[PDB]
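There is one chain below, alone, in structure tokens, taken in the form deposited without its partner chain.
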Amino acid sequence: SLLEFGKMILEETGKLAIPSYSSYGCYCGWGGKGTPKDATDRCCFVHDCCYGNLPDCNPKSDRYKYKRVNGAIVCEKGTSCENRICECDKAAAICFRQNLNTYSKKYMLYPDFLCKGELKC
């Protein structure tokens, strides 16, 4: 869930998921429309495409477990969903860390009426 996911962001970027990533750009939040402003937003877009490809699961609700092995996130092996969801979050959490150098405060609390366009997964 967002509880597990928030731990990953914190544990990889050193920042609190909320409010640093809960309302960023066009895809780091509840919505999802238009073109990703930058790399970080792009991280959010693909993460949406990952959740969107788990029809039989409920990404935001289902809880799951993971651990640290050599400092790297290791998704355990509960249910397929738990596993899949955990794998979607880890990719995203690391995508966040990998692009920290281009993170912009200017895309925080971005108004969604400025997110125009379309992008397939």
The other form holds:
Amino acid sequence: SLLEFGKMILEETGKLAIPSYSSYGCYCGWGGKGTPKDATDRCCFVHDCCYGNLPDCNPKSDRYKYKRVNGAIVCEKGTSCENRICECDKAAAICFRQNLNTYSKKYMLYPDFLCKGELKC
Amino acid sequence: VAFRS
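Just the form deposited without its partner chain so far, so send over the form deposited with its partner chain bound.
All chains and molecules follow, beginning with the one already shown.
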């Protein structure tokens, strides 16, 4: 679920998902169009694609379980949709951690009109 | 929270 994703994001990065990743660049929190602004925004692009791979799942609300095996996220078995959602979220949280070094606060609340063009998944 | 695309 979105709330679990946000807890995963905070755990990985120490930033709060709202506001650090809820309105960032072209794809975080409200993606759709545009060239992603940086690597963090590409994490969100890929995460959006990842959810897009699951048209009959409901990643905003469906809850999954995961645990940590020293540091590492391990998705626990739920329904097929929960497993696949968890793997999307795990990847994005790891991606955000891998790209913290280039996170830029100037992409928070990034205006829509600066995001133009479709980029295929 | 987030809630994109």
